[PDB]
Amino acid sequence: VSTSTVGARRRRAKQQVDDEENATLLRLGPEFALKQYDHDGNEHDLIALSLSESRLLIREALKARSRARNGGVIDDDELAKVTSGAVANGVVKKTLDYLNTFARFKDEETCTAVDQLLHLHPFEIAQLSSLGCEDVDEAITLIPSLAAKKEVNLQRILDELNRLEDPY
Amino acid sequence: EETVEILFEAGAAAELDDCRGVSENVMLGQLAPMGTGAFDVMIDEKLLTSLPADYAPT
Amino acid sequence: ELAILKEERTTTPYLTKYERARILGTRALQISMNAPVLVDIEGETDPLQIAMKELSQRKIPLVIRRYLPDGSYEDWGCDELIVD
Amino acid sequence: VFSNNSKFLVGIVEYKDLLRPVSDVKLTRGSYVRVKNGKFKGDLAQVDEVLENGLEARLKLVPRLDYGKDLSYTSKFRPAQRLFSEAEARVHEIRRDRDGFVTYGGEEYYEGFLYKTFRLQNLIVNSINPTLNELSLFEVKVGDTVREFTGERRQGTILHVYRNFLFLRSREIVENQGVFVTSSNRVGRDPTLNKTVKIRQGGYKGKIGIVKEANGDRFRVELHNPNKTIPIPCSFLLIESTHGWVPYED
Amino acid sequence: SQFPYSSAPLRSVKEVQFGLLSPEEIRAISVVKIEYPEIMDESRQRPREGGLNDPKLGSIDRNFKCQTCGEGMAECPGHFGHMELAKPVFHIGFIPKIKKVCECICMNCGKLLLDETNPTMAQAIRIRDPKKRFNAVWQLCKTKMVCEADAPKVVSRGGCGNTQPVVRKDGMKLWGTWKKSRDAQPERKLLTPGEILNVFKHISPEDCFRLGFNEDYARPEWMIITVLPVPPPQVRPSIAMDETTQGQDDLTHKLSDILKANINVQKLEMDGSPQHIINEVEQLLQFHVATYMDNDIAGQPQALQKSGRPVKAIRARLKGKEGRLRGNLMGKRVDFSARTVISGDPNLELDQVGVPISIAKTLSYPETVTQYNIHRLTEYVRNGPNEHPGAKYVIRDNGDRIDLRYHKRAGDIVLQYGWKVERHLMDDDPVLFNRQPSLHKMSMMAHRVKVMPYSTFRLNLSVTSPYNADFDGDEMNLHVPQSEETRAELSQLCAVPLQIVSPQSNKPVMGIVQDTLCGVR
Amino acid sequence: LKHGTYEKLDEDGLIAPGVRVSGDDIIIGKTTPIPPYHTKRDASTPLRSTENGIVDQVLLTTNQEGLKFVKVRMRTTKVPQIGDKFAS
Amino acid sequence: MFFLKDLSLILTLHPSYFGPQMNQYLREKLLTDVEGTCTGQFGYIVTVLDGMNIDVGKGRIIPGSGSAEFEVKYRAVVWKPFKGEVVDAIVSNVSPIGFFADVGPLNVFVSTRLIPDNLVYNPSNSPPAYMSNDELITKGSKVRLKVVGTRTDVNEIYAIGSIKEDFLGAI
Amino acid sequence: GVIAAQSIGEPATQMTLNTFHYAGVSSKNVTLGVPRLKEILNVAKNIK
Amino acid sequence: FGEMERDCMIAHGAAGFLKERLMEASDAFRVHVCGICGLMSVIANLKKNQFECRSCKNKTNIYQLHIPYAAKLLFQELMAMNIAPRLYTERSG
RNA sequence: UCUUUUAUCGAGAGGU
Ligand SMILES: [Mg+2]
Ligand SMILES: [Zn+2]
Ligand SMILES: [Zn+2]
Ligand SMILES: [Zn+2]
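Protein chains in written order, with the entry's author numbering: chain A, 3 to 75, 84 to 129, 137 to 185; chain B, 1406 to 1463; chain C, 71 to 154; chain D, 292 to 313, 316 to 365, 383 to 403, 406 to 450, 657 to 705, 747 to 809; chain E, 2 to 153, 161 to 189, 194 to 533; chain F, 885 to 920, 931 to 982; chain G, 1 to 171; chain H, 1067 to 1114; chain I, 1130 to 1222.
By construction, these hints were calculated from the structure, which means they are not laboratory data. Treat each hint with caution, since some may be false.
[Unchecked claim] Calculated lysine to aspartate or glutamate pairs in the DMTMM-like style (CA-CA distance at most 25 Å, straight line):
no.	chain 1	residue 1	chain 2	residue 2
1	I	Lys1176	E	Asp62
2	D	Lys787	F	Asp978
3	E	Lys187	E	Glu294
4	I	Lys1188	E	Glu16
5	E	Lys101	B	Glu1407
6	C	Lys123	E	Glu25
7	G	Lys164	A	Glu155
8	D	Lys754	D	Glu666
9	G	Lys139	A	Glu22
10	E	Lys201	D	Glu305
11	A	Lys103	G	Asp33
12	I	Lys1188	E	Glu25
13	E	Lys272	E	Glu294
14	F	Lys892	D	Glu305
15	E	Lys100	B	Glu1420
16	G	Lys142	A	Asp154
17	G	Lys83	A	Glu23
18	C	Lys123	B	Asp1459
19	A	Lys103	G	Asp117
20	G	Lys58	B	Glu1450
21	D	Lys771	F	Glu945
22	E	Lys15	B	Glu1429
23	E	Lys519	H	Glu1076
24	G	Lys164	D	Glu666
25	A	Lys37	G	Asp6
Whole structure, please, built from the sequences with the hints as guidance.
Structure (structure tokens):
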């Protein structure tokens, strides 16, 4: 019913067997690949979202939707009411509480700080911004994709993500 | 003329046929590109900004 | 992508008979299933008569999309094609 | 002999095989065969016994009888198969011979089955395929067929219905396992038609006709005189009845 | 709007792709197996799970919903079966191609003889369209008399160094002749389909390209039949003869005979085998598979019916003036037609016609109820389907149809917006008007209707010049439009006044004829 | 059953002369017994769908084998009008 | 996994609704349809980026029907599961056959066999929970799991996970 | 194209199918009417 | 409606009248086809709203078409002779 | 409140 941007991937003479999804081996299927295309056909990268930027951007779009529907005239559940139907009411409600009670950051300014820190695979980029970790073994046990990369500097990434981490 | 042998010659040669003549688009029941059919009629909008605002699509 | 802008259009500016035919037909088909009519409706009730009466005074809102041979096209408004 | 010069040479190494004398020779009491002749042609039958000489075999067959209903048979016009019912025979049309054994119209029926001798050459013993019909003859969600969606028991029949899980039962493994409810995937019209009529008003006055259609108020009378059926009001008609031409009070 | 509602997005055909079928594909698309030759179950109606009427197939009875899909007899397109085989066989429509391919390549290790080291070959690799490519190739590889185990220091291309025989054709069989080595004796054995299958199942993909085929649509070993499709009985209908007798269309008896020959071919090569009994029955199976797709096989007698008439092989439903592509697609049969005799009348205007009362009360026209005409349609629906001017069927929006004939009390009808009314043919409708045989483009013109009594059409005599017509007993045809678009196209393109000047010679066609001319002089 | 009126048959299945018959009036009612209530199937013979005539003469006799055998003869009058053909 | 997917939807507009406010009703029906639905190709589509400025363009009057065809080009913050994906969750229900854990738009079922042997379901505790020493899983607890199974019912998808491994449990 | 095929296919259906003329002369042979048109649309590599 | 009358209604140019004469006023039919394989072998069911193309395990990429019945019969026979026509709804150069 | 049936193959005699 509702499509996106990706077609082609047409059948050939073979059937590929590396097609199943596995987030421990960076297998996201033929939908969240590395190189995507926007609404015009230009070459785009994937945009994965971690918790902080997730909540902040949802607040942004839905607050511009609230003031936008108000002709130009703040909280989770009230902001989820600007939507239509009940599916976004409930789902977006529990999404706002969910991403609300785990906010490693609650400001677009330190969002710009970590936004300077991260920039590397967009999935694991948004996962370094996602899961707050302790040591390195947690960063590689939760994300077994950081093994064959040979580019650490991860300890001070944790010291900055943790040193800047606002208190809940 | 000479049908089945031509359909064999095309069958075992993977000849991609592509739908532009009149015969093909008629023997499948479609608008054959000829006279009436060589253009399209897009629904407008700039001149829809000329109707009274009451007829609106609610 | 393949469109031609509103300065490079090089097709003839005269409403041909086939175009006129499909405009009258489609506009009549719309006037029949209760659509807003854009002239002063008076002493004729047949939808084709109403459509021609509109085409005489130029009020029909449609877009001709002339497909050029190799794959491009042009977009003309039905109220600037010089009705003969 | 075909006049074409078609003879062919046989190799010495092929000679003896040309003269091989021969193991179907099957048929055992208690086994099934298919009858090849008569009203029972095509029917499955059990081999009950064979003749001493070895030619005809006594077969146990579901009968195809009418209980003499229209007496004063062919395969094409045979009766449906149904076990012999001796009380039906008693009621309608019979010799008792033993416990559960009756001779009815000179055939023997024991416990509802015909026992009749057939030539062995009149039965098929090989490659018989039983039919569907022959195989047949010879807590709300609880009971419905559900097919696991994320489990490991394929389908199964819902035995119990809880609030978070469902006690499903496997078919191949035959083991009762509990799985999430959502996880399980449910798998005439008037009294004057055709009656003769005379017309008493109009341009057709004095003409005979028949009411071809009398939907309402406006009738269709089929005039006799020229080949045309005309529209006429029912007020304009006289209908024939027991005494003369009556108006529409018949 | 005739169809029930589905939820698949509606589109149209853009590119047609042709190509051979592979066996596993047939094993995948088919939903049942064929085994038993007998048509019926066991005289208890229905069919035989396994016969050529298994209700998984095509269901063409009032009540048997197609067990496979579940729809009625008006929505099921049919479903294919597949019959096995105990031996591969040829395909009668490819024999010379298999001949050429059995000439071009090796007869052992399976390799293309000539290579790109030959400049003629090196330039023959390049051509775009495949047919002229394989013409350039077979133009060369018809003379390479050895699968060189080397290249033209020794370089070995991978060949087997074997000599090459010669392949020929007789009836439906290919003969292989080895002229041994100046001349030693030839041996002419019979290239059975299994051998050629084993050989073609080795050709590398790049030779499948160089030979002109395609790796994913035309694979040469696909040309030799192994599995067989069974079309649904929507293609093979059974007629009912004297109501109590019913025969079977040819393809049923022919498939049954092929299956009989299959069960015959099994037994012999499973036990007692006098050799010259195997190849003969197998040759008979080849004969059945051959006459299943062609009856006029030049070379051998036509397989007769039971009553002694030639069988309608599939090849003949198609070709010919009265087949499919001339008889049901280019020129099918239409509705809303009229055929009657013409008559002259000098008191009409140039583009009018005189329709009798009966043809008018039989033909109809669907109209949309709006706000500008609801009154006229109230009068029309009141006047019923047996009095002019009146209306006939009334169509509501979902798909129902009220028939004002059998519906006794029709005075309670109120017309909602959006409905349709199949009114009669009335004054001033534009109808298409035609005479056979039409030649130049003036023999099909749209006239305006005018209702008249009696039983014949009417023409103004001035339109007797493009029709090549005269009133000495001819007949003509009237076609009626339906929707609004086509009426507009008729009135704006196919009218009479727009046809007075002919593009054939830059001069008119309609003038003054007969008395009007003599007396105007 | 077929649709036209069956009320013009007398009792043995043959319509009598003197009766007017028009469109699809059943003239010979004949039945075929069903191969083994509601146990017979109709096998009639209707008048042509484009004729309007008076029945003239009915014939009833035996065939070759030894069963019944019926014929019917209808007639009608025709008058010239606009459309009929003539020749010197 | 959450994303920003570029989606285009075909809205076939009826001739009667050709009023002076076309684009508005277009966005109305658009956001009545797309917002929230599940697509096995792209999971649960959450919320579109920038909803009041979507270039719907113009429409091809379908020859022979009269309707219009609109190709809406928008951008959303979608979600989609994948096998082997480690995600967080907040449980909603507990049961003797496993527990339910909401991963935002959907609910993931975790069976008992995928639960460590130390976690024992305690019906007597109020509220009921999966208990053990220094471990507690009750309604509303933060759970760290791994998506190991995804089922596509076309309409909605259904995932299953486990926490019988390292770094998967109560945090 | 159709208008051309017709506008040539129409004067053909009313033309001599043997023509004759110069028929009383054996020293003067000529092919006209139908046979000639058929020998033209075929590009027959052997004329009369 | 012979081929010659078809040639004449091509000479006039009324393409809609032809598309009508050879569809609605004769024999219209609907076929559900797949989008990977490209054959009329889709197993469809409507009042349950479910489809299946088992040759590719495809329950998503399916499109319906309006074709005459005679084309359906034709293509079924061509498949019955092991010559496969495939129908696709989008060009690809 | 509808609905409502015309085998098949082949041969011949005809009308523009
Ligand atoms: Mg004449
Ligand atoms: Zn089916
Ligand atoms: Zn070799
Ligand atoms: Zn498929």
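Hint by hint, here is what the structure shows:
Only pairs whose Cα atoms come within 25 Å are accepted, and I:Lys1176 paired with E:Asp62 is accepted, the gap being roughly 21 Å. At most 25 Å may separate the alpha-carbon atoms for a hinted pair to count; D:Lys787 and F:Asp978 meet this at roughly 20 Å. Of the pairs offered as hints, the one joining E:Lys187 and E:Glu294 is violated, with about 28 Å between alpha carbons and a cut-off of 25 Å exceeded. With a C-alpha separation of about 23 Å, the suggested pairing of I:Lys1188 with E:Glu16 holds against the 25 Å cut-off.
This hinted pair checks out: E:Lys101 and B:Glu1407 have alpha carbons roughly 22 Å apart, not beyond 25 Å. Restraint check: the Cα-Cα separation between C:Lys123 and E:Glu25 comes to about 64 Å, which exceeds 25 Å; the hinted pair is violated. Only pairs whose Cα atoms come within 25 Å are accepted, and G:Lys164 paired with A:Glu155 is accepted, the gap being roughly 17 Å. This hinted pair does not check out: D:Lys754 and D:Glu666 have alpha carbons roughly 70 Å apart, beyond 25 Å.
Annotation: proposed proximity of G:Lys139 to A:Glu22 is violated, straight-line Cα distance about 32 Å (limit 25 Å). The hinted pair formed by E:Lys201 and D:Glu305 meets the criterion: a straight-line CA distance of about 20 Å does not exceed 25 Å. The suggested pairing of A:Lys103 with G:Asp33 holds, with an alpha-carbon distance near 19 Å, which does not exceed 25 Å. A hinted pair counts as satisfied when its Cα atoms are at most 25 Å apart, and I:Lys1188 with E:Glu25 qualifies at roughly 21 Å.
Restraint check for E:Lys272 and E:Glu294: the C-alpha separation of about 12 Å stays at or below 25 Å, so the hint holds. Pair hint F:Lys892 plus D:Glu305 does not hold up; C-alpha atoms about 80 Å apart against a cutoff of 25 Å. Distance check on the hinted pair: E:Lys100 and B:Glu1420 sit about 21 Å apart at the alpha-carbon level, within 25 Å; holds. Of the supplied pair hints, the one linking G:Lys142 and A:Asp154 holds, its CA atoms being roughly 21 Å apart against a limit of 25 Å.
Proposed proximity of G:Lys83 and A:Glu23 is supported: the alpha carbons are some 4 Å apart, at most 25 Å. This hinted pair checks out: C:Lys123 and B:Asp1459 have alpha carbons roughly 24 Å apart, not beyond 25 Å. With a CA separation close to 34 Å, the supplied pair A:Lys103 and G:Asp117 exceeds the 25 Å bound. A C-alpha spacing of about 8 Å is found between G:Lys58 and B:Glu1450, which places the hinted pair at or below 25 Å, so the restraint holds.
With a CA separation close to 16 Å, the supplied pair D:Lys771 and F:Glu945 stays within the 25 Å bound. Pair hint E:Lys15 plus B:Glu1429 holds up; C-alpha atoms about 10 Å apart against a cutoff of 25 Å. Pair hint E:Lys519 plus H:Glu1076 holds up; C-alpha atoms about 15 Å apart against a cutoff of 25 Å. In summary, the hint linking G:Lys164 to D:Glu666 is supported, as the alpha carbons are separated by about 22 Å, within the 25 Å threshold.
Restraint check for A:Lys37 and G:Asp6: satisfied, since their Cα atoms lie roughly 13 Å apart, inside the 25 Å limit.
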